[PDB]
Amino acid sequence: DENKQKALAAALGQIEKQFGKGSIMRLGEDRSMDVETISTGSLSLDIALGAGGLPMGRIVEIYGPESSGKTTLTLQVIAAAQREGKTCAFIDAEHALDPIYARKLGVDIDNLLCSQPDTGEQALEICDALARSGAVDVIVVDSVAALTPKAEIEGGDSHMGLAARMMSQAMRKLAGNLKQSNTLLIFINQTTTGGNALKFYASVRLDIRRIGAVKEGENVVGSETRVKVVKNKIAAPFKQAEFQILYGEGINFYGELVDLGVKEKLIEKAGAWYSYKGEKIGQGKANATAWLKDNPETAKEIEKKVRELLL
């Protein structure tokens, strides 16, 4: 028993040593790698990620059905990054970016770098060139399924096979260059298309889905969302997050803060009343949310505490 524990700890260390940090973990583990991260815009998701956000210098995949919120998430990541002075690039093969919505989410469109590549290979080569430049902090690719191989664009080989080979031939180099420059790259996808390269090179894989609607009376104002961290090499995987994505607003962060604040016993709740530091902040989640939103500095205080407690 005593010897076994040491034997276990020793074997796990050897694994980590031989195959790399994160190669194996106890799912209940509280420890998490030391890496710089960018918020996803969601507090519950940042917590599910263990590290407090998406890891810099790594590859991340976010996949889910159309209208699941995949794009909202990546825009929220771009917004948070830019807010810190980071340079972001959007590699577009979907031709569907909504700048009006992006601005509402806080994205600095004017300073967002954008590329609309001629082929899937070119898209990947541009991602690699940007990764090597060491002058770009975040790259978002929309999307894997839209990265049509040159051979297909030129019109008898399997389109699936061609896409898989295209992704494979570029992944190792890209991953190395991204790591070296500490650049984060997110692939939006819809097993997912593109083969096994992304699945294995990704440090984080997120499964996002719309699980319901958010209504204010009888009017649909958004969607209830659920994100599962199906792969996580920086912390324990399989945690999930649930939050709302409101139209023209994005992720309802303060709504999350209210709930987490309560769960962490930082915010008291007597019936329909919420209180913080011996003072009512609002009656009803809607009001408590509005309060925090109106009192930014106090919200930050609670968030910092929620993070210190759960991360």
Second form
6 protein chains.
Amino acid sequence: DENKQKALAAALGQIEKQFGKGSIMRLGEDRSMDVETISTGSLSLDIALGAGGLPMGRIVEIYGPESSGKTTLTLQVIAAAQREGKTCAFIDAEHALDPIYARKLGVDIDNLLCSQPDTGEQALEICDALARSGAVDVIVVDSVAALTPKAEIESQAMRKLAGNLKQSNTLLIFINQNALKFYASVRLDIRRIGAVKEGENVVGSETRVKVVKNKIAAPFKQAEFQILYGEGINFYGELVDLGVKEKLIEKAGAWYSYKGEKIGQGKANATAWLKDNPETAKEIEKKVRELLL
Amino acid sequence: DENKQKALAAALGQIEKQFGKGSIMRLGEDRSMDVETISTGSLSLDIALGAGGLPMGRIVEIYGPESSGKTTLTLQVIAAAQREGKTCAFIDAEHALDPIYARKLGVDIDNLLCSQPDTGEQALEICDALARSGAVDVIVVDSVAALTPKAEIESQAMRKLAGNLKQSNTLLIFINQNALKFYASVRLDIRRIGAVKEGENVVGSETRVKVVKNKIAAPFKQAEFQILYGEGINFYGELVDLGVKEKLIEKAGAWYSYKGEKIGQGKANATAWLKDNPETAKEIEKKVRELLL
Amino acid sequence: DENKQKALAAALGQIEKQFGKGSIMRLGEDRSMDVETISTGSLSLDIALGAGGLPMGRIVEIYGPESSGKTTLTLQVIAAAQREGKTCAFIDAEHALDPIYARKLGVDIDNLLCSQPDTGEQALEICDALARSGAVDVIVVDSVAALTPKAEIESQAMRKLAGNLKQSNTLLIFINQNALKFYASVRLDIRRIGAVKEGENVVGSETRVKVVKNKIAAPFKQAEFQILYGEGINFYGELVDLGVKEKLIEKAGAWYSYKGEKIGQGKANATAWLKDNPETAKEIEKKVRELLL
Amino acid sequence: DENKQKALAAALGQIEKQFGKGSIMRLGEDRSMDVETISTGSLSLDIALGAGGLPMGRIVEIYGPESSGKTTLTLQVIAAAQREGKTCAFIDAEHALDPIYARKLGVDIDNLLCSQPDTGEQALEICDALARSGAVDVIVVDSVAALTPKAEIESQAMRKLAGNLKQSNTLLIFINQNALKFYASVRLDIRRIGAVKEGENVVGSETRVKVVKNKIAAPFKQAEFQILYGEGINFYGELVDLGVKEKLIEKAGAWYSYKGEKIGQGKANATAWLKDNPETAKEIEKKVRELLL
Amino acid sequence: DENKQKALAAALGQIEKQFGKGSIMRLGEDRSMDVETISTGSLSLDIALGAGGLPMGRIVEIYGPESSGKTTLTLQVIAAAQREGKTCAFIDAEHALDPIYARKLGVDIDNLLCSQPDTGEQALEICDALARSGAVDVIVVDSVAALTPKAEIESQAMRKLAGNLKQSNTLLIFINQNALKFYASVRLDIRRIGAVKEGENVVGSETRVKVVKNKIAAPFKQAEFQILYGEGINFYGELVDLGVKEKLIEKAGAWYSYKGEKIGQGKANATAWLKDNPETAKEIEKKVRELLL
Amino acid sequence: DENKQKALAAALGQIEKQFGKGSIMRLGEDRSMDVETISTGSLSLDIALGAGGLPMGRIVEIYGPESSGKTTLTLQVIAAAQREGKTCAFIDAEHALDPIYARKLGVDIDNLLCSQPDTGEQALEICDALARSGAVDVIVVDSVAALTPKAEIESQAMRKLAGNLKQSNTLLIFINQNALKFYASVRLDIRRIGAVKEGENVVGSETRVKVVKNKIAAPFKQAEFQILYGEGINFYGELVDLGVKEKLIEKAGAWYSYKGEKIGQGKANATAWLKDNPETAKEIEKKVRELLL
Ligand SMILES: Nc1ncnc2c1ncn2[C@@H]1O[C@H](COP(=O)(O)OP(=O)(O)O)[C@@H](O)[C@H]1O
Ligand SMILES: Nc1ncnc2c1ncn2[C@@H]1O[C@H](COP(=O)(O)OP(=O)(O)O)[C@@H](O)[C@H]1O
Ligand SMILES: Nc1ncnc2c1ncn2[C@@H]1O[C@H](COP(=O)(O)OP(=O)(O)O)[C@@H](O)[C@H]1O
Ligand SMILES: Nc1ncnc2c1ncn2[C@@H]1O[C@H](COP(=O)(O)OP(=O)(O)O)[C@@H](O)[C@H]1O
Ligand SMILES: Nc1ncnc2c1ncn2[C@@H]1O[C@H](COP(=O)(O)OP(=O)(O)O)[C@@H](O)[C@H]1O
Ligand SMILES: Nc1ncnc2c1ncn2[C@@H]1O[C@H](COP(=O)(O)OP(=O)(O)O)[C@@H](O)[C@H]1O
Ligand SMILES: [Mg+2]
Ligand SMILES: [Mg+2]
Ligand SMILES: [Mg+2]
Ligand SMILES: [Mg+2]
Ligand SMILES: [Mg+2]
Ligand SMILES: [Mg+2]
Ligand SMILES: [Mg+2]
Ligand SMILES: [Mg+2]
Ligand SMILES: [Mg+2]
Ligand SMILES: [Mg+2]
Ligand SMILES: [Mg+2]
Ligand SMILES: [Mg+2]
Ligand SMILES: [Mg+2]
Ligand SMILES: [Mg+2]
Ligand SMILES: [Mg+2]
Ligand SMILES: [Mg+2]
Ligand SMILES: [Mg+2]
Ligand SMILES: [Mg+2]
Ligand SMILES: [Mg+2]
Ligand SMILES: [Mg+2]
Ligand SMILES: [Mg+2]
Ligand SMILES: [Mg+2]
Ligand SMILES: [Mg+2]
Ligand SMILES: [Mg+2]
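Switch from the form solved without ligand ADP, shown above, to the form deposited with ligand ADP bound and output its structure.
Now the complete complex, all chains and molecules, led by this one.
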């Protein structure tokens, strides 16, 4: 019993000492590695990640079918980073960025560095150079599948990239539509699981993200949220549901209320209220994070 | 005659003395090695295994095509072990565990240890460390085919692992989609042999498991059962068929009855009755096991 | 002339005296060594072997591509031996025996001894121990190619094995997919040379076995027969063709007849008739053997 | 001049007296030792050998890559010998003789003596015993490379063998895929130098044999012929070419004619004509031999 | 000074009187012993030999790796000798002479004497008998390494051979792949130092011969030339280079010219011109020899 | 004390008077016999020899494994002698001299006398005749081990040779790969102790020479230097190290400087500078010699 508990603790400790704190974990442990993170723009996903956002200095992979929300997520990560004065770069092989939508999500387009590489090797070399500069905080590559080998147009790189990103504390996200599978500290499976309709017209998509790999906190948690056309992740909608779940917001059938006052009849109205009262929303969000992180 | 019977008995005895009781057996012998086991969650498979479940302290291999039920089986083994207060670990290289489905199968996710190794060598070293701790009862590796060599990403280990697992009495299961082939005490070939439909819609799969290698009891026995989507192995369905086979449950055409009373018209209803009357089901299961083990 | 005939007879006699009766032979001689044999389940192969089956106390090798019929042949040898009350053992390194198919071929699975060795050395030692017991009549090793050396997993043996098998009169068959090449008294090359179709669907395979080495009777004879899925060697089909060849069964174009009566139109129907009239079939088989052996 | 011619003649005569007529020769001399021979089945090779076939009482080596035609040649030698009522033996270590193909080549399989020795020493002892009998005319050993030493399975012999073969006038051919190199009177290098196609399908092989050692006539001559699948050496094709070369058969562009009459348009048709008119073919063959031997 | 010059001249003279003119030499002396020679077929090698070819009545050794050009050289020596009406003999232990290639090199195959000895002792005795005849001008032994001692198959000879060859003025060349090392008057080290390609395909080999021992003229000179497949030594190519070196042929960058006229652009074309204009080539060759010999 | 010092001085003096100045010495004495010498081409070895080079009129032995640098050393001795107008002879039994390499080392090949003796006795007699001429300054015999006795091919000499060499003041070096051991005044043990690489490719060998016997100065000193392929002993490299050792050249970490100016960064560059500025190099060399000799 106690003897076995001590033997297990020691064994797990030796494993962590040899391979790192995130090398083995109990799926239910409420502990996370002390790591600097950048918000994904989704409250439920920041919670599912355990650390409250994506880890700096690491490689992250986000994959899923076209239109599942990969680009939207990375643009919101960039916006979050830029708000904190961080320098971001976008390595593009898709040729599909919409600056109007990006600005809507909060991205400072004017200060976003961008490269549209001729070959996959050039793209990786540019990433490594930005990584080695110690002056770039976030790099987004969209997408992996578009990176065509030079030889074709006419593993070793990943190892060096990972090392350089770690040394400079640079977060790098690969959007994908074994090297990456193994070098990534976080891998996200994102998919559209339904449509959001304001009556009879489709205005967005119901989205689900599974954290299939997580080396900074317990893996396999999931997040669900809506992505509204031209607006991005419906953060306040997530806050309504999580506020209720943590018993910070009461739901009397269809009426939602906070601290004894109604904020809206129906999730849509409750969401709008939080959005129009950001100072209070920030307090609820802060409370939710303290409880679930 | 008698002289030859004694010569054969002595020869087989010498073989067993030199290489172990399971080194040679008569395929029809109703004897099994005294070994501690953990249920697979399938009554027919526990029977096919001869010992009533998978043997602790040994290496087991379960292989078959994608979606044949390998993960489902290992999760039900984990659930069975945890119910008995055993400590389990999941070494993942697939990045595909669904905790919602796992909890449905009975797994205590919160207490499940999990590791997502960077390389095949790291995965094996972690297994060995858990094995040497003497504090881990069940280790599941999913999957063998995903374990990529470090050198690639940028036999000797099996021998030590097997020895350590034996010393600590730790069961280790490798999911695969010559080292393993020879070090494993039990090897299971699992495959989907049909679809289960509740009318016009597919709700599960007809499954067949062949015990192709068994060093704890006679090999080559087979098990057949259904795996229902979101529910796992249809144990009560197996109990209906085995109860009838052992003449514990009578089948009057389409009506099934127990001790003179009808439990259901059609296998589906009979199955539901056993499921809703677990105390009686446990008695029938106990009877079946005593007769076939 | 006569002087040369006597000189040749004496020389051949001296060779046989020094190395054994089967050390030299005329390929056309209708003489075979007096040796106890076990049927292969194929009438044409028993004939091609010259002695009417495989020789007890000797080593036999059967090799050919996967699915050529090696296992089927050895299972039918086991069934034939068991029918005569002989004790058989199956040394398995393939982990692929199907007891349902085996029982269909006539094998008494319950009484079949089985070993699934960890290493090639262990397998050979088990064979030798069974050989030295004087209580095992037939040993089948499947397969040679799967016997991995212990050193790898982490000639001298053949000599002793051959001697022990001879002393106990134990037949041992090695299934293979220079030691064996030279120690074997019979070596069979088996291959699939076509498909058998009952209309538009494949129901079996056309098979050809060449006796490439034979130390008990003249080598190089061949046998041709069908192996039907789930049924094994089509013995009665061979009997139809051989009965006709030896003029015991008449064939009037498409109609086959025996002793003035039609047994079937087309080989398939004639085969079915013999199968349903075993007492007569046994007489024809006996006649064929007396004529060709 | 004349003095030097006489000195050379005397010196060569002394050499021959001391070591044998074939100890030294002028490569262009049209003289051959009076020796009994057996045809190889190839007209060009019988010519290249100088004596018209292989010499009895001597050792011959035929070597070349697999499928070059070694076995085919030896089987045709056996057929030629048997046609003359000679007794032949086949010492086999290859376990690959096809009696159907052999009969096609003219071999009297029923009367062919055969031995499949356990060791290289046993094979040589059997050869020597057959050699000493004075009752065996031709011995073929296939192959040298397969003769494994007893010690391994668990020069002095060649000297005695050669002496015994000489005394009994027995021809012995070793098929190989320094002892032999030096004891052999004839050594043949055979190789496939192309494919023979009847349109778009391969039906045979273009073959070339070099007489690299010849102690009965001038060495280094070459022979070229085709070996057709299932038929053996295309003798009549050689006869067409040699008949033309010796101006016995005229070739008017594509039309071949004999004694003023066309026998075929194209080598294939001319060959067929000779084959269908053997009595005339034999006369042409006889003429060619008288001119080139 | 002068006194020392006279003392040295006398000492060297006494040495030569006691051991022979070639017993000591100045490496740069442009003097050679008056000896009859036979061309090697290589202009640069005849020059490197100092005497203009190999010396008659002496023993010569030519050694080097397989395919370096040893046989080619000896065949060209034989061709040169035969052109002058000399009688040549080939003592073969290699069994590899190609008469087609030999005729291409100029060898009169029909008149070439050949022996294929059973033992090394027999080969040497045959050489000695040919040597003592006084009727053989050139003897080539290929090869030394193949001469196996009789005792094995089941110095003193060299001394007698050398004496007999000297008395009859017979040149003997040993091809090798201390007796010979010391009895030989000339020893040649030949090796392939590159490939000759007519574009992208290999058509020959770049060859280098070092005169490591020379008792008829200064040793250690070297020769470089090409050996073209099926053609032998590229003599005209050597003539182009030597003609230029001796300023008999002018080279204006890539254009070669003789007596004011262009003979070709590039060495290949210049070579072809000399080959097609042999009467002029012979004059240039004669000039080169007079200057370098 | 003083009495003992005088007794020792007298005793050593009597020994020297009776057997020669070099019959006994203090290993540390900085005195050497007044003897004419010829440089070895190695500055460190000339220093280790004590006299500044090899002594004329004496016998020297240089031995070591193949490729240790024996021939290179003797060729550089010959070059040094010839530069001073001395007459040199090369007695060869190796048949391996490369005149291209020799000229590179400074040897005047054209004026080098050379003999390639048939027997060991002939070689020694030629050496003695050259020795007695009083007109040869340096004789090199390569090698001792190759000198085969006449009797074999089919001490007393050393005594006379030594006497004659002494009388004529002729230096004779025996290259070896008790007579010599005792008659030699200097014996050198040379060996390769490493490889010299210009990056990743081997360009030379690190060499060590031990003066194991020295009758002209204190024995047992050692020399270390590099031998570069195609260039010989790296003299300037030795000068850099010795210049530094004697504080004539300063080394500031990696920078070498002379008289206040940098000559190169790294030994390689410093070496190159001395090589390109021979007039200064000669002054440094002269200084080093005055200090260490
Ligand atoms: N340019 C855009 N303008 C308005 N909405 C957009 C735009 N791009 C994406 N969206 C919204 O985001 C959802 C997911 O798109 P996106 O993040 O581009 O998917 P992915 O990169 O996975 O293909 C869309 O269904 C849409 O509602
Ligand atoms: N996450 C899941 N949710 C619901 N059913 C599942 C889930 N995973 C597996 N199953 C059920 O189990 C069956 C076999 O799946 P699984 O055990 O994952 O196969 P394998 O691991 O061999 O690929 C599926 O066909 C399905 O019915
Ligand atoms: N389990 C089985 N069930 C039904 N038929 C089988 C089975 N195993 C073999 N057969 C039949 O035998 C044929 C040859 O198979 P087998 O004897 O196993 O080949 P091998 O051992 O040479 O690989 C198959 O093509 C099939 O018709
Ligand atoms: N059993 C056979 N049936 C038909 N043709 C054969 C057979 N064996 C050999 N041949 C023919 O002879 C050619 C050479 O075969 P073979 O004499 O066996 O070669 P080797 O003995 O040198 O390996 C083949 O390419 C084929 O055309
Ligand atoms: N039979 C041949 N036919 C065509 N070229 C040949 C032949 N034999 C030799 N050669 C040419 O001569 C070169 C050297 O061969 P050879 O003189 O036989 O070498 P060695 O006797 O030293 O082994 C070959 O690389 C080839 O270009
Ligand atoms: N012919 C040559 N060409 C270029 N370098 C040579 C030559 N001969 C010797 N060397 C150089 O001298 C080193 C020693 O060779 P050498 O003096 O011949 O050794 P030894 O005579 O002791 O066998 C070689 O490792 C090589 O670097
Ligand atoms: Mg670490
Ligand atoms: Mg941890
Ligand atoms: Mg996108
Ligand atoms: Mg561009
Ligand atoms: Mg990681
Ligand atoms: Mg044991
Ligand atoms: Mg047992
Ligand atoms: Mg799975
Ligand atoms: Mg085991
Ligand atoms: Mg016997
Ligand atoms: Mg017999
Ligand atoms: Mg099988
Ligand atoms: Mg045998
Ligand atoms: Mg004789
Ligand atoms: Mg002759
Ligand atoms: Mg063959
Ligand atoms: Mg012979
Ligand atoms: Mg003389
Ligand atoms: Mg001279
Ligand atoms: Mg050659
Ligand atoms: Mg000589
Ligand atoms: Mg003295
Ligand atoms: Mg002294
Ligand atoms: Mg040397």
